[PDB]
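Each remark here refers to the structure printed beneath this line.
This view holds just a subset of the chains, kept in their places.
Letters are used for the chains, namely A and B, taken in the order the chains are written, and counting of residues starts over at 1 for each.
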């Protein structure tokens, strides 16, 4: 309908990450409005409203048994997940959120311990989201 | 647009909970329209339409047996997620659905073979969903 904002993004992870750092998904497939920045890993809200996000982060198979990944809004964790495998086999840390955001809010995925697989261009580890409703 | 139904929720889980009747996600982050009730663990439809739901449940079961988390619509399973590990008690059970619902329908998560854990921040086990289209 006229006036509905179109805001959506989807990016994969080319480079491996470990420890406690923000995941800079840099294989950008969709980025309507350029509100996702692959140089920072952050989606920045431009319109107050209700947003969906999801993430799938592949643990570094063959090199460790656990890896944690959090979805953050500004300075707060809003979703958490753990990948774990006693044989160091591949496993995912994945979760999804629905959040109200205000302009300037940042949403991003941060590692919270362990090692993440670096996918080159294969998009094994991903971050995506979109606006569901704009506030009146 | 203004006037169109805005219905969306997201909830985590405080501490560890059995869910063999219903898993009552009780850390409610988003509940636009208040169609999710943390005291019953159910999302109740009030508008005919198409709805998305997803869940990510961190479960702990007995050594070496399968466990599962089912998304139910009324008395029917509409998705399931199964996990089994040889000597790892904690694993995720996650799935996603798109469902047509009528007023009165109840959508919720039920567990078997293990207990759900919210982790320290309540955000490791989650349930979310929203209306995609309203029947008109």
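In this text, a residue touches a chain if its C-beta (ideal position, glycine included) is under 8 Å from a C-beta of that chain, and two chains touch if they have at least 3 such contacts.
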item: Where 2 copies are displayed, count of copies in the complete assembly; value: 3
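Everything that follows uses one rule, which is that only the chains that are shown with their structure count from here on.
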item: Inter-centroid spacing, chain B versus chain A (mean Cα positions, whole Å); value: 21
item: List of chain B residues in touch with chain A within their complex; value: 1-2, 6, 8-10, 12, 29-30, 32, 54, 56, 58, 85-88, 90-92, 94, 119, 121, 123-124, 126, 128-130
item: Chain A to chain B touching residues, read off their complex; value: 1, 3-4, 50, 52, 54, 70, 77-82, 84-86, 92, 94-100, 132-133, 136
